[PDB]
Amino acid sequence: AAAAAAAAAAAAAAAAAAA
Amino acid sequence: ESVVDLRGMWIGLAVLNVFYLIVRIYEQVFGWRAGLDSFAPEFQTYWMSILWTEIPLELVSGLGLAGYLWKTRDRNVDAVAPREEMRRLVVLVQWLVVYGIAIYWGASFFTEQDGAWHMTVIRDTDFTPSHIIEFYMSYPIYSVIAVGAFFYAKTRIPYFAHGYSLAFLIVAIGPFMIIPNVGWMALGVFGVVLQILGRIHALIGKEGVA
Amino acid sequence: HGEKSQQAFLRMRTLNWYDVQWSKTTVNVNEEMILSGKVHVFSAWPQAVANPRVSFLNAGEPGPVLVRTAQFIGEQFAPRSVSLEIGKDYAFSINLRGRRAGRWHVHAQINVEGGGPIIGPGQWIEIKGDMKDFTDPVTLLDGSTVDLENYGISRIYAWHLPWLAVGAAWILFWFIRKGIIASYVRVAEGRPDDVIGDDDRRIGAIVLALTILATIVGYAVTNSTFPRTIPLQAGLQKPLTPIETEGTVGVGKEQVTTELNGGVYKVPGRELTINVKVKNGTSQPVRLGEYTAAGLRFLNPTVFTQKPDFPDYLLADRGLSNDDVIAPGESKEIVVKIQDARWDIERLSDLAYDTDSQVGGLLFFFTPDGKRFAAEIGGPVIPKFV
Amino acid sequence: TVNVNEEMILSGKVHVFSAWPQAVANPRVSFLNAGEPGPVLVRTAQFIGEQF
Amino acid sequence: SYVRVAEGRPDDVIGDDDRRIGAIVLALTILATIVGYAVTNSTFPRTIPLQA
Amino acid sequence: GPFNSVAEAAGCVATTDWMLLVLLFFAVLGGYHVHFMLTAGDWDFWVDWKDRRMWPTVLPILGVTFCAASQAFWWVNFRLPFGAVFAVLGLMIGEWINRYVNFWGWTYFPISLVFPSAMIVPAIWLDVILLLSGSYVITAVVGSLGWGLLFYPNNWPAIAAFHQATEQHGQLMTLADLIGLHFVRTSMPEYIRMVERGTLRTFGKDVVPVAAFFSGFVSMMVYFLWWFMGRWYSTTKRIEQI
Amino acid sequence: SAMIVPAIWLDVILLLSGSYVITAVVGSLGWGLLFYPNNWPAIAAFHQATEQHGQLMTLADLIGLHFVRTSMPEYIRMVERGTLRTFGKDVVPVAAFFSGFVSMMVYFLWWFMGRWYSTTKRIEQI
Amino acid sequence: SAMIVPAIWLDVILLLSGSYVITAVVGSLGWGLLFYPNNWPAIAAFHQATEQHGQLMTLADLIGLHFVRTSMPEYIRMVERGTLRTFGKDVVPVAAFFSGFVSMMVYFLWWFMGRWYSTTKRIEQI
Ligand code: CUA
Ligand SMILES: [Zn+2]
Ligand SMILES: [Zn+2]
Ligand SMILES: [Zn+2]
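Chains as they are written, first to last, in PDB author numbering: chain D, 1 to 19; chain C, 16 to 197, 225 to 252; chain A, 29 to 414; chain I, 54 to 105; chain E, 211 to 262; chain B, 11 to 252; chain F, 127 to 252; chain J, 127 to 252.
Because the hints were derived from the structure by calculation, they are not lab data.
Where is the CB? At the ideal position from N, CA and C, for every residue including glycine.
Among the clues, some could well be false.
Claimed, not checked - Below are the DSS-like pairs computed for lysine-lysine, each with C-alpha atoms no more than 25 Å apart in a straight line:
| hint | chain 1 | residue 1 | chain 2 | residue 2 |
| --- | --- | --- | --- | --- |
| 1 | C | 248 | A | 206 |
| 2 | I | 66 | A | 266 |
| 3 | F | 247 | B | 247 |
| 4 | J | 247 | B | 247 |
What the hints assert, rightly or not - From the derived model, a few chain A residues whose C-beta atoms are all more than 12 Å from chain E:
| hint | residue |
| --- | --- |
| 5 | 66 |
| 6 | 141 |
| 7 | 163 |
| 8 | 174 |
| 9 | 220 |
| 10 | 227 |
| 11 | 249 |
| 12 | 266 |
| 13 | 290 |
| 14 | 295 |
| 15 | 380 |
| 16 | 384 |
| 17 | 386 |
| 18 | 406 |
| 19 | 414 |
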């Protein structure tokens, strides 16, 4: 439904908090 | 120290592969009874919601990633110890593997996927589920990741700093020249890996060991 | 679905669909229905669309939810492309077979060569059952029967997967027997030759010789199964037979004729008003019963007192009117008022966005008894804003 | 049978088939001829349609 | 300017505030374009494509 | 080295080796596939497009492109004799994953309708001709002639089942024609095809053999060009200005 | 045709980022996009409708018909005539996008031509 | 086709001005212009008129019809068949001038081709 900005916002952020 | 890490890679790989798997499951389910008629309200809530959302998200992620790699650039790059250079370029090779996978999903999976969908609908719109995923998600993602690999190399490895690798240029910019309807391709990864090898070769004079 | 977004004038001035019916609107997996109808090829065929000299009948549907078992047009089995003559009428029918459970919008559809898809009316077909139960089947010349759903597929895998595997083994072999970096270095340093030299070449020569052998064997074996084969059958079919009954635009002693004499459509967006110069043609008083455009039907409730089996969507019960039996041999000019939401909804109102502001379609005139007599209407119409 | 310099007429009729195949362009633009191995006989005139 | 570029680096030719002027000039340009576009839809609010 | 031991040196070489093989495989796959898909189409997508003249012509010719560039990269810089098979396998994998997961898994077209062209065999000929004579010139000629010739016969085993004949309503069809008619595609009218339809200038009986030879001879040129393309894509140049 | 506006976007994109590569991409995509809207103010008066002898025409069509040119048959034109493969309503936007994308390639090539026309080489033989 | 005459023009324009550039222009223009005239003496006899069953023909056409070729239908030809855009009387002169001008380009290109075919380079790898 909003696995738009969901799995995508979450895929981008689990990355940035691994820097 | 360990010159080889790889954690970052597996993170980028798992995160990227499960994401596209979710996207594939999502389109198997909402492809039918959501995606067949672009005039229906369901199309807004299930498909255009992705589109309107992903473009700004990818654009911010792209400028945000570059900007970060530049702010955190090695201002003292010419001073890098042979060992740390070896590490930094194992990290470049990491980035390039993630980019390898991104390219597969973007240019093989979802591109040929659009092939079958063209035989399923007669198209209400330029924005079919196929296109939303392929052109507006799948491609920008690897475009972003490519720009990151380039920026990482420009900011961490003396060689990729002061210069612009012509091959690496073609790699970062080539995507912004993908357009369909209605040979000059990216494959310059060739030059990029040769430059890396050019560099690994030089980081050892006593190489009778190989 | 989607035809709503094609240009109105093209939809109106190419194929004029009528008598389209769907036989069953509910089928189990494996159960047949016929989608049938008739099509009149508009006589002022638009420049934008290549000649319908090269065309293909089809079932407009989301993928193979029903399998097409046969289809006909002209008076001809038509698995290949056909010629439609400008200004003539064709009967068609498609035999469809339930494959995937669901609810599906299935249209009559014809594609023209330098043209694109033209989409006729569609109806919701419910298919129930389990796709696992789907069968064809199909009779070979040699007398056997195959299930096309599964036929030949294992044999494809049996050939494709081993080669995909032999492919991988050839890569892994070389990669592992003296590798990437170790080889980059060697070449870049002194010569290779420490990389490749017989027996490396010998392996290769061997591998190639087995490859060619496997190719020869596979080829000869597949000629032993399957010893008589034909090439794909392709090409345009012999000219089609138009509808001669009875009738029926531009056929027989008894005709109706309709010249369009200017018209007005409000933007936006629900009404079309047209002046028609009618000539009767026939030997019976006729009343105007119907206007059809892009699959759409605009009925006169004076003539269609009540009230046909036809899709939603689609069927409009206001194409009034003026009741006055047009007399035999008479020649009269009548004001027709097309009003319905379906004009806006199927986006015929978006005619003001086209490069040719012009209507097309058929008018149906009825006798006091049964007989329907058909005339083509078409020509310039002017938009009236707000 | 003919001596050098002696004429003969080769004549006949042709019906163009109504289901003309797609593989072959339209016979709108065509040429009559004597199939023969080079000019063993010289063509002196030909007619078709009702026309030189 | 030829001399400057040819000699050392430019930068004595272009550097913010030169870029600023440009960013301003662009922003006014796009505004004038958006305005003229909107104003012309106010006059002439219903229009048709070339009939062909 | 810049290594703490010989163990760390060996461990590094082996695992950078994997990473490079995996990034290069998927990098080449991407390029090859998009290119091929956009050109060779179409013939690769559909069983009723796999005719005697067009398919065994366009396919080897458009398919040799990335094999030559891949050989140009792998042979010139490493003497690894798998440039063609590397490319070709990638294409197959990219293709087959899609046909199964999508053409079938998403849109329910049976695999007999959508299976890809067989290419490993000619790819092998191509790779070992380069291995036996470290010459791209000999390969460009004889290698890529064998590439052409081998195309059809290596497809035959997968294709022939569908060239069995059926009678449908008084008219001959192949099973391939039938699979095309049955499993309805929305935008595949019989006529957009581009398959052999006959000519008055065919004598024999010889349709596949001449297509095979034609493809061999044309591929030579394409091979030549694309070798050098592989060379130019291999460039290690830096440029200074952007 | 109106062109200063897209030329300005092109010029300042190069000003702000001394990159021809960035300009080639975004500079020339703006070029594309900006074309039609910068033309609209000059063009729109003539896209008013008129009914001539039962038939719809733009004022532009009418200026064409009225002011007779000897060698300008309506048909030589090469203007949109409709297609069954248009959906929408979207004709000007996809034209704009298309122009922007294709201009990138053109811009790349023509930058290098500018470089080659810029050449200071002497050649010794003619 | 008769070609020695223009070939001579070409050679001595190069001789008089050891410039391929002056040749590529004025040399190859002469190459063009000269073609037709130098063929005219071999050609003209066949352009005398005959009447054959009510219809005009040149001798050329007639030698064509007479001496039967199995695959030379009159339509495969590619000869001048008339146009509405011809004014005069000027058919040959413009074709001559056209061939002069276009040959210049072809001459420039092929000169350099000659240079590259003249290469004395060795390559080391095959
Ligand atoms: Cu509209 Cu089905
Ligand atoms: Zn430095
Ligand atoms: Zn698409
Ligand atoms: Zn089954």
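Verification of the hints:
1. C/248 with A/206: Cα-Cα ~19 Å, so holds.
2. I/66 with A/266: The hint holds at about 23 Å.
3. F/247 with B/247: At roughly 23 Å apart (the allowed maximum being 25 Å), residue 247 of chain B and residue 247 of chain F satisfy the hint.
4. J/247 with B/247: Holds - the C-alpha atoms of residue 247 of chain B and residue 247 of chain J are around 24 Å apart, at most 25 Å.
5. 66: holds (32 Å)
6. 141: holds (22 Å)
7. 163: The claim stands: residue 163 of chain A keeps its Cβ more than 12 Å from every Cβ of chain E (closest is about 52 Å).
8. 174: Given a closest Cβ separation of 53 Å, the condition holds.
9. 220: holds (45 Å)
10. 227: Answer for residue 227 of chain A: holds, closest chain E Cβ roughly 59 Å.
11. 249: holds (61 Å)
12. 266: holds (36 Å)
13. 290: holds (16 Å)
14. 295: violated (8 Å)
15. 380: violated (6 Å)
16. 384: violated (7 Å)
17. 386: Since the minimum Cβ distance to chain E is about 9 Å, residue 386 of chain A lies within 12 Å and the statement is violated.
18. 406: holds (16 Å)
19. 414: violated (8 Å)
In summary, the numbered hints that this structure violates are 14, 15, 16, 17 and 19.
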